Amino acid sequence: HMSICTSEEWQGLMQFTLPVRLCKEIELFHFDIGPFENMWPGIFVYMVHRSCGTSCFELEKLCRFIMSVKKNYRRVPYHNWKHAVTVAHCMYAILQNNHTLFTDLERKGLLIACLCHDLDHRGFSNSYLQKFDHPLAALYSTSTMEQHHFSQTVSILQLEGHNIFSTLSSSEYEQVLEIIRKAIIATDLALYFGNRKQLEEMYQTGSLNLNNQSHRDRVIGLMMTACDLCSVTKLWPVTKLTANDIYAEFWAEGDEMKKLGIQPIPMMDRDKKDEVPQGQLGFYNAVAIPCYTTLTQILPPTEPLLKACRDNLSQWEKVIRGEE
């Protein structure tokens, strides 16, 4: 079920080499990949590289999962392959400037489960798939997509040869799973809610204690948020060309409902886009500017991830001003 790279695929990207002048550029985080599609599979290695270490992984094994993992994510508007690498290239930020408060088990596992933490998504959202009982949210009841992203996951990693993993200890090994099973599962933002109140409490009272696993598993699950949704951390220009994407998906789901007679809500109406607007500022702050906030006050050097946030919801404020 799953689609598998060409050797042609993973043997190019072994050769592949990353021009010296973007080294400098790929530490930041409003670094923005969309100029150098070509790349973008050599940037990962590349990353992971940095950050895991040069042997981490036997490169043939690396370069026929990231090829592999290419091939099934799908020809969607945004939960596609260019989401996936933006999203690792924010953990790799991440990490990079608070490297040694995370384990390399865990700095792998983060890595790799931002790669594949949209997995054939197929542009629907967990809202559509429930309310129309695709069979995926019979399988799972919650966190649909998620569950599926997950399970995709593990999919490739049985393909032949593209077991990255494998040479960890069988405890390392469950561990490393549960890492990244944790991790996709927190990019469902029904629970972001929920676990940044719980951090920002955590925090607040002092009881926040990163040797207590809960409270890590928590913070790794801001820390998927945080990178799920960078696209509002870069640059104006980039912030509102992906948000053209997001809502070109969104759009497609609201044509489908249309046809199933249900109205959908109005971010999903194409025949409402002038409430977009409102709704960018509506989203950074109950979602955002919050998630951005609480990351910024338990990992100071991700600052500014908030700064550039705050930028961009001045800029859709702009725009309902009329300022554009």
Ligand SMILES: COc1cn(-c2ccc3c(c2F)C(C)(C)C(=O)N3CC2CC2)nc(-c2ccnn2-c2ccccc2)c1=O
Second form
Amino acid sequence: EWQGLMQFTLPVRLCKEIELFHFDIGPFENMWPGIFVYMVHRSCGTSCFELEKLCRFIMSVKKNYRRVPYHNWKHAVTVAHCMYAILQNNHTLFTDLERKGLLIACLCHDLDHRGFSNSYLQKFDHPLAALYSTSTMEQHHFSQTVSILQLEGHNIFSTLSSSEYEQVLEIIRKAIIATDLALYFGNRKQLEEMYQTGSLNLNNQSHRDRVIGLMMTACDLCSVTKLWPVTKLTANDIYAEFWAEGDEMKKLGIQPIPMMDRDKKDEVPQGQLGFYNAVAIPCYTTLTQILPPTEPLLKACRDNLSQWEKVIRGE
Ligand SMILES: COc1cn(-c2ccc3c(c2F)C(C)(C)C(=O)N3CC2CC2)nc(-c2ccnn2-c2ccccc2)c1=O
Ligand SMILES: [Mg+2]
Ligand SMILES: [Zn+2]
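Right, and the form solved in complex with the ligand of this protein, after the form deposited without the ligand?
Now the complete complex, all chains and molecules, led by this one.
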């Protein structure tokens, strides 16, 4: 499988489309691994990784996403593509090591997801929660990333120096942990404060980490930034996963919270409106403030919000 990837060439008709924030990978499943190779090559250079190691790595990542309704291989590549578009539109700001780390972090950020929230795992004293008390799944995702990197023929970072290697692994660690949405709220609030007091300073590593964390959230949530038919379908996948978790609670006779209850289906449009207003709009607003070229994400998020309003109002 990995050898045929080495030969892959992105069809020329997709060379312009892939640069756009709203690009939907949906119709191109057999190309997803090749699309990631393409994005790495354009963003980090063709001399960045040894091609064979990169190809082995990508295929091992793919195999370590489970067949769940939403946190699957499709989501991994979708998030990686959003990061690509952010990086391509902010060419001066990030280092070569950051561009490498962040594309890899995005592809890996939900590795071996089981379709359960951290809350679920903690409540039922699952072994992963016994191991990782906070940001439970995210620590697991990073752990899985490191395990794949340490496989024979998979160390894509083998040709970095000792210091550069630990640096990129820390970029990846922080970026994956930042995808714990519980951490986003505080991160965005701190960034908003720093922005408006004019103290935000990208020479400051801790400020940089915060900006990278917000970029990670923005990429992770980017299904809300696609054209309406794409966004609407992805919402189906998201709730399928919410409801499957709810169903697991019902197996103990336990009534789940509304968001995870398939019997509360009629409340979905209102639920989405609430989520866009409370989470997605603030995310892309703050991101656009810090990185003006990301504005198309906010524009697309606003468009989908108005679509959900129309659904609620029966228009
Ligand atoms: C209602 O509709 C939606 C609700 N959520 C949502 C999710 C988790 C949590 C919450 C949410 F709102 C709250 C309630 C804030 C919460 O505490 N968690 C758990 C998390 C803190 C640790 N996400 C999406 C969405 C749109 C795009 N990607 N995702 C997404 C889907 C699954 C997981 C994460 C994000 C969505 O569409
Ligand atoms: Mg996650
Ligand atoms: Zn994710």
